[PDB]
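Q: The chain contents come next:
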Amino acid sequence: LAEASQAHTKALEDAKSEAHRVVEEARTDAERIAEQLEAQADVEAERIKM
Amino acid sequence: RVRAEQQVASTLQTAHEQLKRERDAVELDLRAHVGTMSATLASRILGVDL
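Chains as they are written, first to last, in our numbering: chain Z, 170 to 219; chain G, 48 to 97.
Source of the hints: derived by calculation from the structure; they are not laboratory data.
Check the hints yourself; a few may be wrong.
Claimed, not checked - Derived, one-sided and incomplete: chain G residues facing chain Z with beta-carbon distance under 8 Å:
no. : residue
1   : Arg48
2   : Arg50
3   : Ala51
4   : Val55
5   : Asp71
Note that CB positions come from ideal geometry on N, CA and C, so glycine has one too.
Using the sequences provided together with the hints, build the complete structure.
A: The following block contains the structure:
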């Protein structure tokens, strides 16, 4: 019982940390996509200008 | 896209009108040479200076 009680919170904090890591990677490639998309926006704008 | 649209549409309208003003105001000044070019065409078609 003692070892299961400690392993519960161990797995809990491990999941917390790894999930924070994954959502951080998501919030990274999110702004990556935002960059790419605004770039495409301005190139389409200049295309229509020409 | 719409920004690149409204701007090009407005400048297109204003350039069309400006080119219309160019056209009507330069239409008749070149007719100073239509007479002499008709004359040289007649000279070519006859084979004489007349």
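Q: Does each hint fit the structure? Answer for all of them.
A: Against the structure, the hints come out as follows:
Nearest Cβ of chain Z to the Cβ of G/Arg48: about 6 Å, under the 8 Å cut. The hint holds. Hint status for G/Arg50: holds, given a least beta-carbon distance of 7 Å to chain Z, under 8 Å. A hinted interface residue such as G/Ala51 counts as satisfied when its beta carbon comes closer than 8 Å to some beta carbon of chain Z; here the least separation is about 4 Å, so the hint holds. Hint status for G/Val55 relative to chain Z: holds, with the closest Cβ pair at about 6 Å, below 8 Å.
At about 28 Å, the closest approach between the beta carbon of G/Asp71 and any beta carbon in chain Z exceeds 8 Å, and the interface hint on this residue is violated.
Hint 5 from the earlier list is the only one contradicted by this structure; the remaining hints agree with it.
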